[PDB]
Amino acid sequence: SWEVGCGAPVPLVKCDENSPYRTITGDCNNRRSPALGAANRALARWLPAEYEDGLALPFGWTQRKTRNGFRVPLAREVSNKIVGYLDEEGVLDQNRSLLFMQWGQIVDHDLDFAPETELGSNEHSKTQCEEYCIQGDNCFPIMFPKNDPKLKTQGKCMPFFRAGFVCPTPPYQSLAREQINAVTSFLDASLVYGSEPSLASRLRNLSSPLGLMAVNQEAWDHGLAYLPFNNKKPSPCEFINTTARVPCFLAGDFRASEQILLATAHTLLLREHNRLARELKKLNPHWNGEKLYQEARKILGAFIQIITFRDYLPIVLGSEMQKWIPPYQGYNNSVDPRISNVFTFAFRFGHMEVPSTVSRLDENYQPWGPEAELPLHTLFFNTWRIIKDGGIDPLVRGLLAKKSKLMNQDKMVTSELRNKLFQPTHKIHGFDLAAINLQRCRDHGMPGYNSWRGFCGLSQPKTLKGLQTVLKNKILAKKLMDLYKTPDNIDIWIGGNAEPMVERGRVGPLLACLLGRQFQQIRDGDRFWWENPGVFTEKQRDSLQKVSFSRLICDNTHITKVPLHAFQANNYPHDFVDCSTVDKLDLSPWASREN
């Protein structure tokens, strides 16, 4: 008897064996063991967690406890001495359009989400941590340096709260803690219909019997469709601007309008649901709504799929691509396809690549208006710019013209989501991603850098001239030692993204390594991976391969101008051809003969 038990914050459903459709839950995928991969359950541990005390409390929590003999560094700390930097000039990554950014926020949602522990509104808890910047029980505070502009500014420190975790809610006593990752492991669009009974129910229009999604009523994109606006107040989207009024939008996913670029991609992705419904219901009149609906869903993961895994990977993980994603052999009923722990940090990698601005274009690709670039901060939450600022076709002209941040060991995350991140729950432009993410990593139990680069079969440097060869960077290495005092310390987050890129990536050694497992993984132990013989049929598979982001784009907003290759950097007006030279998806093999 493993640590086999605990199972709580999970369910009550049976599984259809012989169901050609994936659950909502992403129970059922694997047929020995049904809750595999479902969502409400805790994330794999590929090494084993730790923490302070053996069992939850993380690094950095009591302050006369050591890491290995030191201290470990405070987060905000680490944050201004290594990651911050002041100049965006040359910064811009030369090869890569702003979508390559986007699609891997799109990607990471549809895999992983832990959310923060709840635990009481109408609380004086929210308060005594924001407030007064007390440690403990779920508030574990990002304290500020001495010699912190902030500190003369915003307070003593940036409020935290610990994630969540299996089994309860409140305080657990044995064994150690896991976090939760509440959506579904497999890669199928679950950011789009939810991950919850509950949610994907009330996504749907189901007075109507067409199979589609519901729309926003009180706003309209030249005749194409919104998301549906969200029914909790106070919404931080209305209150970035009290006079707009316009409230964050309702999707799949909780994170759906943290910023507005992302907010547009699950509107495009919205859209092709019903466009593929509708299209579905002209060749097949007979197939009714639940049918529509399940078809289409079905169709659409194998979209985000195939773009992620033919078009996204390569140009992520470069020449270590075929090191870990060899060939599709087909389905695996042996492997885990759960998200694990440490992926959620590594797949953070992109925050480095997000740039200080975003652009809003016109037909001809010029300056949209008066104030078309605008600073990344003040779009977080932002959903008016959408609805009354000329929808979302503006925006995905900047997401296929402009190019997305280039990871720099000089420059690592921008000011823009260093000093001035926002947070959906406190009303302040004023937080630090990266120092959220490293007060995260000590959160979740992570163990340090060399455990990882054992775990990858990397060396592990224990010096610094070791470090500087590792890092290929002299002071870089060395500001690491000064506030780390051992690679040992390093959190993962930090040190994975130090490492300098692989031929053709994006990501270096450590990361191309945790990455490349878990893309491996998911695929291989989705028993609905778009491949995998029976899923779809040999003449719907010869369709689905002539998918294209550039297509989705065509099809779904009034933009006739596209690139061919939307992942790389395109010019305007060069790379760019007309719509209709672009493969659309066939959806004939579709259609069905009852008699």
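C-alpha atoms forming the largest set that superposes within 1.5 Å between two forms make up the rigid core. Positions refer to the first chain, counted from 1. What changes on going to the form deposited in another entry:
- The residue among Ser198, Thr242, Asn147, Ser121 whose Cα moves by 2 angstroms or more between the two forms, once the core is superposed, is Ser121.
- Once both forms are fitted on their rigid core, the CA atom of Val13 lies 2 Å or more apart between the two forms.
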Contents of the next structure:
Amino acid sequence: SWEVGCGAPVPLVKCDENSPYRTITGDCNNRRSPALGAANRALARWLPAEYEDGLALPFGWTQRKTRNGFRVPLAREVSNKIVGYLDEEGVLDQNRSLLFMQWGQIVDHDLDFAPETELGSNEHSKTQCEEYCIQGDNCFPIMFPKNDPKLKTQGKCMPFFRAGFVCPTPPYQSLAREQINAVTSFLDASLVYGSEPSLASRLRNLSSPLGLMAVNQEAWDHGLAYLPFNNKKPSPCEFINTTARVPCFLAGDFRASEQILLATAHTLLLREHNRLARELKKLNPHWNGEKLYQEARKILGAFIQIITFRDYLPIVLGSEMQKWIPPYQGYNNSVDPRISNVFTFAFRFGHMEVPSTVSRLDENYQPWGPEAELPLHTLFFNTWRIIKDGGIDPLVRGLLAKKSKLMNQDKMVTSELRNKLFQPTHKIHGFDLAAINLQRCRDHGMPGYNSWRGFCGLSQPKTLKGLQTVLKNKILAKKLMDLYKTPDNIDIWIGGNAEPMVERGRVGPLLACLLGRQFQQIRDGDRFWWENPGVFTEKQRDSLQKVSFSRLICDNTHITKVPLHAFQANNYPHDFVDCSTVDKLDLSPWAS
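What would the structure be for the form deposited in another entry, given that what you showed me was the form deposited in one PDB entry?
Chain alone follows, minus partners and molecules.
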């Protein structure tokens, strides 16, 4: 009585024996269990789901019910009392560039997406959710506390719809509810190529036999490509400025236009693919378009893996890196590659790294124009600021020369996200990412803070004094206890992010364990890991060792001055070097 999955919403895929290249869906990576890590399957559960009724109802759904004998605090109340702050001065990370934040979002999007329950034409219950703040079915509104300023301005709630789940879409099938991961669990550049064959096809340039991805036909960046537009309305990107009427971009991941620096990063990756495909055709004129595309794709996937494991993870996990992610020793087909449900909350540590402004810089790394520095909230689903206001180069220079926000126990999430989030269905710059994260936590039936501390072999504080000690902060611990009553009830997103950061890292002990375990698994459990014997040639592996994010920029923009270590904080001109001194990727090993 151990049915291995709800297998009804996805037919089994037949596994080719040759398999030189990944599937788009992630099927067939694991030859013994082919759907493992594939898109459109349940997130893995590392611990059993915890719901109010044991099955699907989130904690907080029913008033009179409790969690462990106490009511759970309103998501927005926790946001207001713990997560918010006013003063941006002094909040920046002195040793992480803004690219550090941005790379995190890119990696996250490659790994996991649990999209809301849109079903079909549910615009009658959707408006009913927004309009009337009415809890039922997949409508789980974020209600404002008394004295919330947004009561004066926005009504009684923020609308919120439950995440999609496996087996039934409207009703229920009698296991605990399991949310779906709509993208591949492998770190594979699915955010560039898509996780479904339909989108993967749509994204490619099949008109020419050159293995290119489709590029914008309406605009270009001083001769360089943009992503194609998504030609389907409504377009939230058109809505935010109905004069410019610039649509959202079309990328391998639907979230690509959520903010302008994400759209930028997607643009770099797209350009890199086509640059690769062109170079490969030069070396191998006999290669057809399928070949050129797959070979370029495979390279780009290795680029993302190397940047992530070699440059990013060490400076997230700090002294904990080697504990959870020891030197690679090859593919292990016993490893579970699936993204866990908890990871999709753990990796939202990035939310506390996002600063309140974004800058455009000129070739002297000085403010670009009179509106050089923009408030982050103006840039949600904003593509017109790229198309009609200077292309990506000024934004890429900002990514290099400006800093991430530093997580701070007293200054957690900038008001640009916590009060001014724009959601692609709604009309206002009035949402709260923090409140949404907490509501989502409960939506997904997450075990509480202490359950995960136990999973990670860490102490489980039961009293105010114990929590004070773990968080190394008396005031924060006191405020959490006032809202949550027991640490057992603290939502993992807020409890994990509240912990002081490990040495040389940017997350605390609990998050290091959850993140570190997940990344270990997605490396060891991936048959197409770049360094796995058999995937690349030895010569190819030696060339790949040379990649850098600096080189990506040099190759794919009109920027010619770059730092050597792009994720640290770098000041111009002292830490910048000429591109012509930065190692390029040698594609000679790819000549057949």
